[PDB]
Amino acid sequence: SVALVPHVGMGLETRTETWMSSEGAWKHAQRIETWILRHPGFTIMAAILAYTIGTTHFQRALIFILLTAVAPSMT
Amino acid sequence: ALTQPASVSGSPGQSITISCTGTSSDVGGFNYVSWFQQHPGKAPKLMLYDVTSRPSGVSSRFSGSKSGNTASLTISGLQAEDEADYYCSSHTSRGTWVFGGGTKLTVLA
Amino acid sequence: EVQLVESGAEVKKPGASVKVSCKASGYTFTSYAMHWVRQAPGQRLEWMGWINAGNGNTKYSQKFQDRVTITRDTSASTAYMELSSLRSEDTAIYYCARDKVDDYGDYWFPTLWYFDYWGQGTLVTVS
Amino acid sequence: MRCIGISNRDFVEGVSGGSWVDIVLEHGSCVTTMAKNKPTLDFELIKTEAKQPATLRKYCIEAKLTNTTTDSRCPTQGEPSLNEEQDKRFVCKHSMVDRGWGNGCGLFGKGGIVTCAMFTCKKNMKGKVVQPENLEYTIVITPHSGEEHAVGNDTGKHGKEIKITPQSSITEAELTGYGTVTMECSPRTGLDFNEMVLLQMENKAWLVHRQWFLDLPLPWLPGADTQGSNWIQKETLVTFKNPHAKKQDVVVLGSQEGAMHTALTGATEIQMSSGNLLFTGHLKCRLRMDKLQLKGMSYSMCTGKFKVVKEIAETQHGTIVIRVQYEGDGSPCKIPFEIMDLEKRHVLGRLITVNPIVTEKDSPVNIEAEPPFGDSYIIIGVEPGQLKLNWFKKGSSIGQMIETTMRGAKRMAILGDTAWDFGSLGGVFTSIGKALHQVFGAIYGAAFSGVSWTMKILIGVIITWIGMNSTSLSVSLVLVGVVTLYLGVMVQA
Amino acid sequence: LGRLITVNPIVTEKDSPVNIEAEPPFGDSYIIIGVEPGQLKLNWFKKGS
Ligand SMILES: *[C@@H]1O[C@H](CO)[C@@H](O)[C@H](O)[C@H]1NC(C)=O
Ligand SMILES: *[C@@H]1O[C@H](CO)[C@@H](O)[C@H](O)[C@H]1NC(C)=O
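Residue numbers (the entry's author numbering), protein chains in the order written: chain F, 90 to 164; chain L, 3 to 9, 11 to 27, 27A to 27C, 28 to 95, 95A, 96 to 106, 106A, 107; chain H, 1 to 52, 52A, 53 to 82, 82A to 82C, 83 to 100, 100A to 100K, 101 to 112; chain A, 1 to 470, 473 to 495; chain B, 348 to 396.
These aren't lab readings, by the way, just hints derived from the structure by calculation.
Quick reminder that beta carbons are idealized off the backbone N, C-alpha and C, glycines included.
It is possible that part of the hints are untrue.
Partial list, derived from the structure: chain H residues whose beta carbon lies under 8 Å from chain L [unchecked claim]: (1) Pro100F; (2) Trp100I; (3) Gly106.
All chains, please: the whole structure from these sequences, using the hints.
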């Protein structure tokens, strides 16, 4: 779908605000937060995986949060 | 086809502009814009090709310019002998040629 | 001097066949394409097609695909345009025009000064 | 008087040795130019028009499927055939179905199937591409005359409109009473339109990059095409349903014009209902003050009384404006105006509208000045009846520095390398900074092409963490991380 | 900043147009035509490095 390919953040923005500036600046954060609300078990599983593969705490956090960012992108 | 006014008249010694309009494939995309003068009972003769430039042996009174999909012909200092049939021709994208509907130039007495 | 000579006026019944001769002199005929343009009396010009004297290939307008055939003669430096199955609306003045082909002997992209010279015209009347 | 009233207004000071100043103009933003002994002007880019747009690509966006046909073939005799697939206006797909004796052939197994139907496009999208040669930039020129119907009177013919095109770099504008101004701009390098295409909806429009437009998964004809039927990759708007391997049916996918609207999140909207009007972008310019004159330098000093008809107002940049009417005799004459201290010892502020004159006694005048921080007093007129207006300015010089450097950082971020030309006078340091910005911005754009602000923040945080866990490399990493974090948080997309 | 590919541009005839070639440097480039008054200055930019 075209909504999956937005013409966003590729260096053409000027002083003028974009077409979906204000109300459109925050689809993804709220969408991911809602997905985490309604799909917790996957989030706990991802946290366990980050605990497992990660060696240091920073790597664990990076893997966990960024996996949770991956998760609703495909769905 | 090419759309242009059927008849254009003007006072002698004046400046008039006549326009030939086609489509994007022939006029608005190409520089193959040429104008031909048809004397009554005589063979056509080119007065202007490649509107940005002019032919040899033709007076500098005739000037041509293209604005988008419309090509314009401007004549400065109308005179009696300018009364003749003028045709706009364009080489279209498909490799063929298209001509205008023919224009009659009238000079007031 | 580039001189374009055309045949005289002809009259033919509808459905006949007419071949017109346009002879060009004063230049190298093989290195130039040849054009044929018609015009009804008091009407606009119509372009039939062109023949490249370098190779003899043919190209005609979409309207005149199945009725207009044009050939060329290198020896006489002339091109013959033949139209069959004449119609009452075919009565018009027919002009033969010339333009330059590229240095490769082909007529793919016409020059900027196309239709550089014109012939005197042939008048054909259909009964 | 044009800039007074807009938050996005910037001040440029001084001139070069050649009496020229490099400035950049923006839509919705403006800059005022003044010098030691020169009239103060108002500059605003209000219109950008392009001629003869060329249709690069026509995208279909509404479709309907009719005249649907299908036929099957028994297993192991190839694929089913119609006399019909020869025409490309239809959409066809080969799926796989079950066949049997109940299905009309004497062999058992999986059989072939194919369906085709009309693909007629109801509504469509057109993308217009325009050469930089066809661009036109319209700029309004407003000297600080101070007439009563000038402050923010954008709809009034008070300033002078100038038309500049790439065909003539030199555009020359005469100002009545202020000499004649030489205007130099760089329309070609403002935005490289070779990579942008004008996308047009039924009544709305956007300015989008050409490449992303070429990557849209919608049916298309080339712009030069006029048949209106050869729709390429039609399968993106049709679905062939094969529920249980017995029948393939084709249906039309819906309307993506709302989906397209969502896909234009990071695009900038324009309109071309009555011409390719664009209110987006920036224009780098060089201002030459060679032939600028001061109006009314032969008019004597005002001697009569003055009265205030509109009170002092405080702008967004610490400047003040006042409307005062001359009640005495001797018009035309110069308005007395000083920004003095409480003891009237040292001049504190400076005039924005230099040495104004009274065109007519009844007509009031508008005066702009920049008072210093704290207490300030405006002296208009002379004894008898000398007006002394008290004013207070909030803030501090350190503050003024912090928001001016924040604004400089923001304009640098949103312009790129060209921001170094905002007030450049030809200094070698300016050129060095410009070169460094070009190289750094090229690397930055190569590294952050097509990435959102949130993930920009994520990458910046990662870079700062890496820098904090490594000396020169560490400080370089934390610096690049913090600057990219600022860029990500500041960018709206 | 640049050099003329068509060395010595000449006006053979007053009303005859003449084609001129030049090789501008990378970046901002300015074409100077004629002399004051009425001198033409163009504003082409070269894309590359
Ligand atoms: C589609 O069906 C309609 C039924 O009314 C018919 O008129 C039309 O000719 C058909 N189109 C084709 C291409 O067969
Ligand atoms: C702008 O100027 C015109 C003419 O001077 C005047 O009629 C109009 O009221 C002014 N508008 C404003 C907002 O000052």
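Exercise. Hint numbers the structure violates, sorted upward?
Worked result: none
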